Amino acid sequence: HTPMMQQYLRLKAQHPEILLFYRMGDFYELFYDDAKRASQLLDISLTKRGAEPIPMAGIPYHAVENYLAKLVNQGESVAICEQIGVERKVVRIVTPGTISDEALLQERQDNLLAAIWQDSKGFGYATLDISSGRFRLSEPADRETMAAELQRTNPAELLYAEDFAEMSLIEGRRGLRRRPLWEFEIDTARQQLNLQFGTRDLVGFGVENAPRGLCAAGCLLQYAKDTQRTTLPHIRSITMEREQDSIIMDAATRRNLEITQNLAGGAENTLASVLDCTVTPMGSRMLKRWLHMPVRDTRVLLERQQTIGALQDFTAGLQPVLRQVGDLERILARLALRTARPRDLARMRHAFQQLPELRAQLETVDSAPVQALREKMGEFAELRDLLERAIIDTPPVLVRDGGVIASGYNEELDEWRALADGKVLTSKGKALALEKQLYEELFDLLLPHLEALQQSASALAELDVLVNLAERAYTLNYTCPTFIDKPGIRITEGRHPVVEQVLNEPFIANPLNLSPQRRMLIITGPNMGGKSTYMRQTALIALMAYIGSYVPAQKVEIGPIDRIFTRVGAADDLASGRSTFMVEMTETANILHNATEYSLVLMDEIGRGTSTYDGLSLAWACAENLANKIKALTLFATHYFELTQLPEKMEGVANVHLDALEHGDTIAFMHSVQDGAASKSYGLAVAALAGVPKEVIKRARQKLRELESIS
Amino acid sequence: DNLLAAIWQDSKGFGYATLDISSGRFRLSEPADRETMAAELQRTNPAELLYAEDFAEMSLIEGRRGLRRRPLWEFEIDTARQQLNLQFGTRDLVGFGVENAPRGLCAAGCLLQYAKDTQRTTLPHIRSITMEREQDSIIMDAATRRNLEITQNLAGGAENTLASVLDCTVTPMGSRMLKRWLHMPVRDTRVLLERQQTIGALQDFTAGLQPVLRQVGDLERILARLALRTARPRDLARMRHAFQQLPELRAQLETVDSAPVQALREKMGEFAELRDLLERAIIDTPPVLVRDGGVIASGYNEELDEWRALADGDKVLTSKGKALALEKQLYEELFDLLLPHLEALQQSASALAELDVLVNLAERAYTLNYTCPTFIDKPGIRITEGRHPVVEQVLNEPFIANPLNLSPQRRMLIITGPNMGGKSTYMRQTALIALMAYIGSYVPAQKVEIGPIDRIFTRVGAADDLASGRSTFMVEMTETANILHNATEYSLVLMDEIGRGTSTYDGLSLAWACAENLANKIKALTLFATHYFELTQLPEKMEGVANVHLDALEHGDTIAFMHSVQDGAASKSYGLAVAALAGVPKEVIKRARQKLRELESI
Ligand SMILES: Nc1ncnc2c1ncn2[C@@H]1O[C@H](COP(=O)(O)OP(=O)(O)O)[C@@H](O)[C@H]1O
Ligand SMILES: Nc1ncnc2c1ncn2[C@@H]1O[C@H](COP(=O)(O)OP(=O)(O)O)[C@@H](O)[C@H]1O
Ligand code: VO4
Ligand code: VO4
Ligand SMILES: [Mg+2]
Ligand SMILES: [Mg+2]
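Listed in order, the protein sequences are those of chains L and S. Per the working numbering, residue 1 is the first one in the first sequence, and the count goes up by one each step. Per the working numbering, residue 1 is the first one in the second sequence, and the count goes up by one each step.
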């Protein structure tokens with residue numbers, strides 16, 4: 001009704017489904033439906049004011065960042081409106097996918113805005129990180145491949161077309177946003193993408209012949225430009241990810257091998273925890289990204305191994321210098337969006353001061369990869385000179401506070417400030433205005449070098465990951481792997497990376513040889529004898545070899561690995577309609593349909609969850625199909641000793657057995673892999689060690705004698 | 001009594017241990033209150049006691065039978081854990097369920113050494129160490145809560161959980177109370193009977209009460225802020241709105257004639273004097289912060305009204321400053337008047353939350369066809385036309401209700417059935433129905449008679465923590481050991497398969513012995529799901545054990561599952577047919593059937 005209410009309503013019409021922090025006075029406020037939703041999510045009191053009461057809720061302007069964090073975590077998008085001239089407009093829209101602020105973001109985790117589009121011929125997925133600037137395009141052609149991409153990327157906000165047919169993988173995701181179908185058109189996407197990259201055609205990127213992916217990227221770029229309400233100079237490339245480029249891992253294999261998250265859900269006791277001691281946050285995020293998507297390009301891996309070897313001697317000197325550089329990638333993003341704070345520019349100055357030390361240390365070491373990283377990082381002599389002169393040694397958190405500009409950067413600014421300290425209100429007001437204007441000019445001077453600075457941030461992060469891997473290799477005794485043309489895995493004195501560090505008792509290393517001649521190894525062993533660790537050590541060694549890192553073994557020769565499949569454990573989803581056998585069988589079906597000669601298949605106790613005869617029969621058929629028709633390199637762990645006779649019937653299958661010694665009705669585990677087979681599982685002994693009551697174990701032993709006597 | 005005891009004190013709390021010479025019963029406790037430790041010392045009434053030389057409070061054990069003192073080195077945790085592990089022949093004590101009690105284990109280590117010294121005859125008769133708890137709440141382990149999906153699903157998501165089905169509470173305080181009730185289900189019949197009477201009584205008027213309850217909002221946070229005197233001006237206005245709402249709720253509840261409903265009405269209160277103070281002292285729409293001013297309303301203070309007049313038609317600016325200072329002092333004075341009644345207000349916020357949870361439960365019951373459960377003295381569960389609360393809501397197809405009867409006469413049922421038959425859903429439906437009955441809610445069944453349940457044990461998952469040092473069979477055997485050691489006649493033990501990790505003969509042997517022990521000695525109410533059809537021959541050999549078979553019909557390649565519980569053994573599980581439905585390639589299914597024919601033929 002009132003003119004003020006009419007203005008809020010016009011802006012609300014422009015942004016209907018998002019909470020609007022309309023700025024009245026010094027307090028941001030929400031009205032009508034937004035006020036009720038905000039009060040429940042932000043825990044702020046709701047007070048109704050008559051114009052027809054209008055529900056109104058409010059937060060102080062000083063505390064806005066703390067409140068924005070609560071809504072961003074809940075996945076709500078909050079548009080912030082400020083009075084520019086009272087004339088007002090939405091200055092920025094804060095959404096879980098595109099947050100570049102330090103408080104809203106997490107230091108060692110990346111927030112990715114992603115787009116899913118389903119055309120009749122397969123799916124197209126595009127992911128953009130606003131802070132790093134990385135734009136990646138993909139064309140998954142199966143529901144299973146699309147689900148793996150969503151789980152691996154873990155998109156903070158996913159933009160799906162209204163007509164998306166398979167709203168099952170999408171449903172339950174965080175920050176789902178329905179977007180109109182018009183936004184996904186290919187011709188509109190091509191024109192917008194070409195303008196941002198400044199290229200007439202996308203042939204140089206190599207994304208020109210992918211139609212579905214380009215449609216998703218056009219929606220993602222348009223939403224990102226609208227959400228930030230400014231041109232995004234940080235985004236300058238659209239690389240395309242292909243299945244051939246990286247080893248494929250399904251969502252289950254990633255969780256079973258504990259690459260970044262343990263089976264319970266914590267980050268403790270994970271391969272990333274053992275390998276990640278990186279000094280800078282950029283390094284931690286980059287190492288996690290490499291472990292999730294290993295590279296199958298030999299040239300990229302060989303350069304990474306050569307850098308690790310060259311810097312291994314000088315790691316102790318480089319790590320303290322790298323720690324000072326800090327998270328340059330995030331700081332450059334704020335500079336690109338022109339939203340940086342004085343402290344961020346001081347951190348940028350500190351990193352530039354460290355660059356001369358890093359360049360000198362890298363110059364002494366002689367290797368083609370290390371010299372290329374040294375050339376890319378650069379010196380930035382001009383920028384460090386400007387930052388040191390323009391900004392004070394310890395600047396305030398916010399520009400409005402004042403004191404951001406050091407004396408002597410501008411004679412006029414110093415004179416106005418001196419007059420006020422020595423009309424005083426006029427001089428203070430003029431000084432605050434001039435200091436703000438000079439700060440904007442500093443962004444303009446730093447921005448033309450953004451292309452070089454972004455290249456330097458990637459080089460420094462790469463050096464941090466490679467130096468960390470080199471330091472880890474020296475401390476944990478890892479050695480470099482070598483690559484072979486035909487599919488095979490040969491490991492000497494291999495040890496599981498995580499178990500070796502966590503277990504106080506000495507790890508007993510084991511050898512593995514898998515070749516086209518010996519495609520499958522059936523591991524039969526005493527319970528608690530180490531079979532699962534032996535199988536998982538092979539996958540973790542193979543993943544570590546293909547991320548360019550040194551492997552935890554005396555020597556490893558690894559041939560091409562297209563995909564790694566792990567069937568481990570059993571789980572029930574009663575609400576989804578999936579029984580424990582159904583969940584296991586769909587995973588087994590995925591291995592049988594999608595496996596290739598290059599792929600490595602690790603299967604643990606397949607055929608359990610059903611009667612013994614049905615389980616053994618399905619296990620024999622699945623083993624015969626994998627060894628005879630798929631011809632994949634596979635490791636099968638089984639307590640069904642009937643399957644031990646497969647090698648005699650079929651060539652290309654061998655039996656390996658872990659062994660344990662039984663003493664005085666107690667079990668001692670050698671944990672050593674010896675060729676042959678084991679006919680005893682020692683189940684009652686493991687149960688007694690677990691704490692099953694002695695009376696129960698004695699009756700069980702009596703029953704076992706009776707059952708064995710019957711046959 | 002023949003009881004040797006030990007006591008310990010530290011910054012974390014107090015630890016205690018008990019050993020009975022006659023029965024070889026070794027138990028530990030960690031009572032964290034001095035008064036609780038004093039009550040425990042009297043309840044145990046130990047023949048002999050051992051305490052730390054530097055125990056801080058000797059008054060708890062100042063006068064005791066044969067009181068003795070032993071050195072600190074005997075009480076050290078690392079030495080104690082190794083000795084206890086060696087005495088029981090176990091790698092870890094996680095299976096006994098006492099691994100996570102540091103103080104309790106430390107006292108137990110001193111008692112074990114002393115017991116060996118006093119008699120070596122009792123030492124071979126000590127085989128277990130269990131915690132002692134007669135807590136009113138039904139005991140549920142962390143694994144049981146996640147397996148039953150009481151509040152959090154196995155993936156970690158909020159959806160597809162029992163709390164999601166029942167959590168439609170209007171106010172945020174109500175949602176917290178329901179989640180707290182689900183985690184601790186009260187076992188005392190009197191409190192539950194009062195809650196059930198309220199749910200039935202307020203069933204007719206749920207639509208009238210819920211809109212008024214929604215207006216009250218969350219008062220727990222506002223009252224906590226008032227206690228720290230950090231309450232915002234708007235938060236005090238929110239309290240005033242709830243005071244205005246309370247007369248309406250009381251009038252609606254006055255027509256109802258149930259003793260529990262009337263008690264809840266009295267606890268809510270009217271707070272007319274507090275409402276009068278807030279209405280007179282605070283403006284209708286107060287500012288977010290008290291610093292700006294305008295929070296106090298004219299007429300609360302005569303001096304402020306006069307200063308406000310002078311402020312608004314440089315000396316005038318000084319008068320404006322005086323007005324802001326007078327207003328802030330009045331605001332602090334307002335907290336002082338409200339705080340004496342803060343204990344009374346806290347009782348009222350709890351009463352309003354209980355009304356919201358019970359009105360919500362009543363609405364859920366009418367919408368979802370739930371019925372009241374009748375408590376019985378002896379330990380038994382009887383369910384007629386029972387349904388699973390979560391599965392029925394998320395399943396588009398109809399749910400097939402299955403009957404359950406468990407008594408001391410028929411304590412154990414071996415459920416055997418086809419894969420995807422519904423055996424696990426049937427076992428869980430019993431657990432969620434028992435928990436729903438014990439929180440005072442209406443159970444999802446036509447009729448339920450639930451007897452006392454001490455603890456609910458669920459052994460379903462099979463996972464390995466390699467870094468921890470336990471394989472999948474050790475993790476499963478650790479859970480089975482906790483079931484056998486900590487089970488009681490009252491406990492409800494649901495076991496989804498055992499021996500799924502070891503070879504068929506070792507697994508069947510452990511399953512036969514664990515099943516015999518639970519029926520013959522523990523005498524717990526057990527539901528056992530199994531694919532070993534050898535165990536279906538256990539019911540004739542052992543009393544209290546019966547067979548329940550789920551039904552399926554096979555036509556050609558596909559299978560249809562009845563989801564109906566009938567008495568019998570099944571004897572066939574259609575694993576290959578379920579694999580074909582899962583999508584295993586036809587050639588793999590064809591080879592599997594050929595091998596199956598050869599295995600059975602020989
Ligand atoms: N070679 C080894 N040296 C030392 N410890 C080992 C070795 N192999 C396995 N272990 C230990 O065995 C446990 C895991 O055994 P696992 O392979 O899961 O057994 P299973 O699958 O037979 O039950 C962990 O304690 C792990 O540290
Ligand atoms: N009585 C029933 N009526 C209808 N559907 C049922 C019934 N019991 C189970 N289901 C469905 O079957 C699924 C599998 O049941 P479940 O007990 O897990 O079988 P099992 O564990 O024997 O494989 C459930 O998640 C549900 O979708
Ligand atoms: O994975 V095992 O503990 O059953 O040998
Ligand atoms: O899906 V089952 O738990 O009947 O093997
Ligand atoms: Mg294993
Ligand atoms: Mg089951």
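If you're looking for bench data, these hints aren't it; they were derived computationally from the structure. Note that CB positions come from ideal geometry on N, CA and C, so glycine has one too. Any given hint could be a false lead.
[To be verified] No more than 25 Å apart at the CA atoms, straight line, and that leaves these computed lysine-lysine pairs for DSS-like: (1) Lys698/L / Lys541/S; (2) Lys649/L / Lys595/S; (3) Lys121/L / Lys89/L; (4) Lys680/L / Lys486/L; (5) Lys703/L / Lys572/S; (6) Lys36/L / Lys89/L; (7) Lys649/L / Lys629/L; (8) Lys70/L / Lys179/S; (9) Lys179/S / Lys267/S; (10) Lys703/L / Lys521/S; (11) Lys586/S / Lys631/L; (12) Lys36/L / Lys70/L; (13) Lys12/L / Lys36/L; (14) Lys423/L / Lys267/S; (15) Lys595/S / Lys680/L.
[Said to hold, decoys possible] One-sided and incomplete, this derived list gives chain S residues near chain L with beta-carbon spacing under 10 Å: (16) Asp218; (17) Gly499; (18) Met562; (19) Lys572; (20) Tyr574.
Next item on the list: Give me the numbers of the hints this structure contradicts, sorted from smallest to largest.
Entry: 3, 4, 14, 18
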